[PDB]
Structures are given as C-alpha cells and as structure tokens.
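Novice: Please model the entire structure based on the sequences and the hints provided.
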Amino acid sequence: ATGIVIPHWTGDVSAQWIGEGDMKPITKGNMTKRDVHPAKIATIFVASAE
Amino acid sequence: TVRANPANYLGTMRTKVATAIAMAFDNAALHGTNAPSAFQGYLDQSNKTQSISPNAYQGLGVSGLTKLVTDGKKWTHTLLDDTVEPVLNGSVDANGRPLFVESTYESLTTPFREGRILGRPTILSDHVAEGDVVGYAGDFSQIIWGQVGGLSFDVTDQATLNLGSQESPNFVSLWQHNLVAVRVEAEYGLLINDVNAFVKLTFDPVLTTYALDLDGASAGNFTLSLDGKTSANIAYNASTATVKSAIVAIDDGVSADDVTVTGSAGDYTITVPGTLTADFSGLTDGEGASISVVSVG
Amino acid sequence: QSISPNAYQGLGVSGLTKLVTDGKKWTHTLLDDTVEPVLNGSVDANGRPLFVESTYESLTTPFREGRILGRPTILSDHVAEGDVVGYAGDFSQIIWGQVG
Amino acid sequence: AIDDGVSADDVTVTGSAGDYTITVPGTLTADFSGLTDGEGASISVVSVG
Amino acid sequence: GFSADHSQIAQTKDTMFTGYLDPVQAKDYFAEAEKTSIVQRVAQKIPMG
Amino acid sequence: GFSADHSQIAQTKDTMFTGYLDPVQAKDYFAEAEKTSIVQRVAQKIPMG
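Here the protein sequences come in this chain order: A, B, C, D, E and F.
With the authors' numbering, the residue at position 23 of the first sequence is 73, and numbering never jumps.
With the authors' numbering, the residue at position 185 of the second sequence is 285, and numbering never jumps.
With the authors' numbering, the residue at position 75 of the third sequence is 224, and numbering never jumps.
With the authors' numbering, the residue at position 42 of the fourth sequence is 390, and numbering never jumps.
With the authors' numbering, the residue at position 8 of the fifth sequence is 9, and numbering never jumps.
With the authors' numbering, the residue at position 1 of the sixth sequence is 2, and numbering never jumps.
The hints are simulated quantities; they were obtained by calculation from the structure and are not laboratory data.
From the three backbone atoms N, C-alpha and C, an ideal C-beta is built for every residue, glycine too.
Fair warning: there could be bad hints in the mix.
What follows is a list of derived Cβ distance ranges for each label pair [as the list claims (entries may be wrong)]:
| hint | chain 1 | residue 1 | chain 2 | residue 2 | range |
| --- | --- | --- | --- | --- | --- |
| 1 | A | 55 | B | 371 | 53 to 63 Å |
| 2 | F | 21 | A | 60 | 46 to 56 Å |
| 3 | B | 373 | F | 20 | 46 to 56 Å |
| 4 | E | 45 | D | 358 | 35 to 45 Å |
Specialist: In structure tokens form, the structure reads like this:
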C-alpha cells in the first residue's frame, strides 16, 4: 500500500584491454529512481431486502 | 557512501563491470577496436564481403556461400545485428512473397534472439554492427578462446590514483580524502586460425582495398588471383599500369572502370570489387612478401 | 544429367525419368559442397526458391545430411571430379566388406 | 577471348571459312556491318542443346 | 471529493504525513538479462593457464 | 606503461625471462575429427574373409 521505488540503471560502464605494466582506467555508473503508487477501483450495487 | 550502499550501488557495479568486460571481448574479436597485441587477428580483416539489401536470400544463400565453398571453406554459423531483421523480412520474390518461412525465436535466459537460416545456427543481437558491417557468416570452429581463472575483485582505502594520464598526471590520495576504490580484473586468450574463412555482411555493395607488399629479394614473379581465377605471371619490378592490365585480363573481365591501382614497383595499393589473393611462390623471397585488407576510413 | 540452370527440374524430373523408364529405383544421393549454391538459388520464373527442403550437421560427423525429394542425401567436401559433382541411384546395388 | 564472363571451352566451332557452325551457352549475335559485300549476311539458330 | 489539506478530513494526500509514507525499495525490473559475449557462445572454449 | 627491459621494473616481457615461460602443449583444435568414407555410409557392409 506504500507503493514501490525502483533504481533504473542508465550508466555506460566501460573496461579496457591492458598491457602488463599499463595504468588501469577509472569508471563510474549512473541511475534514476522511478516510483509506483497504487490506485483504487470500486463499484456499488443495490437490491431490496425481499 | 560505502556505509550506506544506496540502491545496492556497490553490488550492482560488480555485475555491470562483468557485462562491460563481456562487451569488450566481442568488440576486440570482431572489429578489433582496442584489442591487445596478444590477440592474433580479428574478423574485420577478412577478404570476403557481401551485400544483402535488394534480396537477403540471394545474398546469404548464393552470392555469399559461393565465395566460401569455391575456396574449400565451410559455412556453419552467422551473427547478425538487430538492424538486419527488417531487410531480412523485406526480401521477397517479384510478386511480393517472403523468401524466409524459416524464422527466429526469443530466449528466457539470454538477451539475444536465435534461430536457423538455411539450416545454419543464427544469432541476432543489438551490437554486432560497426561502420559498414552488419553481420558475419563463416566457420566459427576456426576460433578458440579461454579464460584464466575467475573474475577478480580487490578493494583499497590506502592507494593513490591518477585521475589524468601518464602524460598529464592528476593524483588523489584515497587515504587523505576518505575514499575507497574497487579494482576489477579478468584475463582471456583468443586465436582465430584463418581470418580469411569468414564473410563480412553489408547492406549494399562496396569496393575492397588491399595493401600488396613485395619486401624481399628483388627478382622473380608472382600470380594474383581474383574471385578464384588466376592471372598470368607478374614480375617483381612491374608498374601500377602493368598490374592494372594484368587484373582486368582475367576472363570474368572486371573493367578498367572497376579496378584501380596505386603505389610503386614492389609496393602497391589495389582497389577492386570482389576477393583478391596472391601467391609469391616464384619470387626470390617468397616468404617476406604479403597481402592484406586495408581498414579504410 | 546436368543440374546447372534448375536443380529441381534436374533431379526431380529429368534425372528421375532416366531411372524409372529403365525399371530401376532412386534411393540416395551424394553431392559435393560446391553443389549447395546450385541447390539454393534454384528458383521459379519470378525469384522464389524451389527447395524448402534443407540439410544439417551431426555432432561427430564431417558430412552434412537431410532428405531431398524424400531421398536421404549426403553433402561432402571431395565427391566432385572433372565435370561430375554428384551421384544419384540405387545404392543397395553396392556391397563392401573389410577383412580383419 | 571475349572475356567479360566468356571462358575457354564454353565454345566449339566447325565448317568452312565463312558459312561457319558455332556452338555456345547463352545468346549468340553477329554484326555483319563491316562485312561490306554481305548485305544479306545472317546468323541462324540451328538448335538449342 | 476533497482537496489535499482539506479543513475537515484526514487524507494520505495531506502534507502533514510527508515522510511517513516511504515506498519499499525494489530490484530493477526494466533492465534486460545481462549481455554475455556472442563470440563465446559460438566459438570453442578451451582449457588455459 | 613501460618498455620491455625497463631499467627499474621487472616484467615477464623482459629478455632475461626467455625460456622460463614455455606454453603448455595441447590437442589440435582446428582440424575436424578423422574422416569416414561416404560410400561405406550408404552401401551395405557384408561379412568377409
């Protein structure tokens, strides 16, 4: 009933082929949060007690 | 941040670097974009190419396959970019009927799509294409690969990192800035036995350019051979116009409009439609000489 | 029998006629891999392929195999010589054996 | 020697000097326009095969 | 049918409940299955050291 | 990074390690398995002496 929140990934992470003594590269991710809230649907119906 | 681990960012990076490392294997094996010197050759080096856009069934099944079987080589798999599928479906007879009733399917466990084409296993994927090339077809048993143990993770809070390059440094001390770094490492080997065993697939026809090098003892003769048909003998010292004449003289008769030649005696660039090959057996050095495809661009 | 312009009219009519009119069966074929681009690209008068029939690998075998016009068919890398690129007939007429 | 797809032993030929018989794949054609005497000089299909 | 911050009725919409209504954090459902390399699916794997 | 035979850092690129780094020998992976004859696959085998 609180809803849900989802961390959608969006980052281009990248790796490199590297020589024996070569200097290894630095990388970083990326995200955007998305949230889902419930909603109600309802109806009423009616009759005589007879 | 490492205390908080928001959205499980640290555990998520450890899987998404593995995908980056997998992606970086294909681009090193197919296109060779940033391969290590230890990888011997890559599929873009092949001297066989084919067009598909007017009729993909003719392309893969006849004009393409002929270049393999007339050279004595098998066709066993194909890799296609997702952008090929509209052109594949768009292949029709001259009454508008589809040529591929044979068709391709999803996976519950992998992001690819997979199926059969003319009986061969076929993979469709979102990143096969680069530049002019949209896929590959050939004998994938000519390729072997291996991995040296598991994907490896180290963590440190004491190291000093260069955020620049070795030509223009920019250091940060992790310990003085209260930072933490994770270092991820893997190790693979690849060999392609015969790069000439595969056909590069493209939407529409192009000329192929070749570097021809006779570095070696400077007397004797060689034969060119274009689309499996072989020239007369060409001497070591032959001119560009001599070579152009010796190519067009082959009896499928590609025009002096199609062929072009540049360079000097003993060192040439050739541009032609179709597959070019050479045999140096008849030079005084039949081993130093070579021919290869120019990665033109 | 030539097969070059149209392999279906080659095997399935022109070829088969020469066997049934002589009172002999057709039960297998051997074909060179250089015939597969002639099996493919056999088409009608407006461009559609004639064979939907097709052939497959097997896990411990160098050959490729399938059914063509119902008959078991083998594709192989060395069966062609000279002008000849394949054989069709009643292979039950051949017996062989090995000693030791 | 036409080249341009034409190749050795695609072809064989018999008969006299002039009034030749020719055998080939595909469509044969003849241009007698430089053969100044032969205003009716002609190519005849004898048979397919 | 009422505004948020209506003078007479308590609603989950009301600004007074801000930060008591936090969603649960969940997995990324929209991301695809992780892309392995197509070459390793078709090429032969061998033992290596 | 660094040259082979760098003056300060030891690497297995260096000429001093020649012959200490020999590869493991392996099976031929590029040849297909040994080939049977096509006639023996379609013809009838009989007992013989």
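Novice: Against each hint, give a clear statement of whether it holds in the structure.
Specialist: Verification of the supplied hints:
1. A/55 x B/371: 53 to 63 Å: For residue 55 of chain A and residue 371 of chain B the Cβ distance comes to about 58 Å; the hint holds.
2. F/21 x A/60: 46 to 56 Å: 48 Å, holds
3. B/373 x F/20: 46 to 56 Å: With Cβ atoms ~49 Å apart, the hint holds.
4. E/45 x D/358: 35 to 45 Å: 44 Å, holds
In summary, this structure violates none of the numbered hints.
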